[PDB]
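Presented below, as C-alpha cells, is a lone chain in the form deposited in one PDB entry.
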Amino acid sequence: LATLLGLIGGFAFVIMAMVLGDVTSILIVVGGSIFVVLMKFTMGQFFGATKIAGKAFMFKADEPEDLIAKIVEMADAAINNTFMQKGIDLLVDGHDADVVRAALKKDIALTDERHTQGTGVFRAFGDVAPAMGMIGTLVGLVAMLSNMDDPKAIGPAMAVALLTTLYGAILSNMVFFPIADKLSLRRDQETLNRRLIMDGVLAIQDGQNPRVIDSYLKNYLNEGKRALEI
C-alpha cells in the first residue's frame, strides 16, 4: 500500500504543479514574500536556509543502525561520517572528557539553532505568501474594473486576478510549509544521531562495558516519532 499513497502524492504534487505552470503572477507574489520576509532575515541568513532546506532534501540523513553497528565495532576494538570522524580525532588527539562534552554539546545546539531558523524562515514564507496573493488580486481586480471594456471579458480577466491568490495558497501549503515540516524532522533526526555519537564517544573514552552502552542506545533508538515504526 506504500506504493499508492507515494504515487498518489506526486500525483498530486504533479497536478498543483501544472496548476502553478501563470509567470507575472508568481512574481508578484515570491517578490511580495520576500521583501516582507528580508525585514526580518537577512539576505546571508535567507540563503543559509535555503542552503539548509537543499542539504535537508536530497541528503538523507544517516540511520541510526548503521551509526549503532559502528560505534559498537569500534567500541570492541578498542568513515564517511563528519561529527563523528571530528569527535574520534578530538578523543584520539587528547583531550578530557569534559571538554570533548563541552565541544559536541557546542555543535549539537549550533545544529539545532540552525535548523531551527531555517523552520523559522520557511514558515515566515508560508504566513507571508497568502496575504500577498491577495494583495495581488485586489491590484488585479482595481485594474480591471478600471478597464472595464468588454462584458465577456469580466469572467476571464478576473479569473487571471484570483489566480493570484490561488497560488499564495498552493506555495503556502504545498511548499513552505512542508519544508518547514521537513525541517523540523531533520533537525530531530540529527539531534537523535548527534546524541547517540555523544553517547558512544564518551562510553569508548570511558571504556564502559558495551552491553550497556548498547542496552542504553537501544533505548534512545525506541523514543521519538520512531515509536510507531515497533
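In this text, the rigid core denotes the largest set of C-alpha atoms whose superposition between the two forms falls within 1.5 Å. Positions refer to the first chain, counted from 1. What changes on going to the form deposited in another entry:
The only C-alpha among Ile108, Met84, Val128, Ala157 that moves by 2 Å or more between the two forms, given a superposition on the rigid core, is that of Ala157.
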Contents of the next structure:
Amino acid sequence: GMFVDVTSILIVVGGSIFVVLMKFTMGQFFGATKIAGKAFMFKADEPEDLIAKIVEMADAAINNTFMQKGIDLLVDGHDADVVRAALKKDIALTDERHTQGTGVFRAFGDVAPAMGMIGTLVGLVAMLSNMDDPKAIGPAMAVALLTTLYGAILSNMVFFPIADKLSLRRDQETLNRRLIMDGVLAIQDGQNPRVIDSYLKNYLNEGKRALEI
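Since we've got the form deposited in one PDB entry here, give me the form deposited in another entry too.
All you get below is the one chain by itself.
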C-alpha cells in the first residue's frame, strides 16, 4: 500500500537530491530554499512606494533593509564612493544569490523527469519480469506510473515555476535596489525632489511592465 507511494517518491526525489547534491552543497541547497521561501511569502515592495519614501526622506533632509542601510552608512560615511561601493556590492550579491537559487531549482527540474523515465524503465523491468504474480505487477505498474507523474508534476508545477518566480523576484529586487541606490545618491548631492522624480518616472514601465501599457 504505502510501499508504492514511498518507492515512487523515493526514486524521483532521492535521485534528484543525489544528483543535485553532487552538483551543489547541502548548505547552498539550504540557502536556495531560504531564498525561495522569502520570495514566496513576502511581497516585494512596490517601486512607487519606494519613490514616495525617497522623496519624503529628501524633503525631511522605514520597513526596508536596503535604504535603512543606506541611511545608516550615510550618517557615518560622508563620502559617496564608499556608499556607492557598498550598495553596488550588496545589489550584486543579492543578484548572485537569486541567480544561484534559480540554478538550484532549474537543476531539480531538469533531473526530475530523468528520474521519472528511469522509474518507468524500472517498473517495466519488474512487471515484465514477474508477469505471473498479480501481487507483483500492481506495485510495479504503480511505481512506473507514479514516478512518471511525480517527475512531470515536480518538474513543471513546483521546481520550474519556483525558478521562474525566483527570476522574476530577482528582477524586482534589482529594480528596487537600483531605485534605492539612486535615491541615496540624490540625498548625497541633495538634488531637488522634482528632478529625481522625473529621472525615475521612466521606471514604472520598464521591461515586463511594458506589456500592460
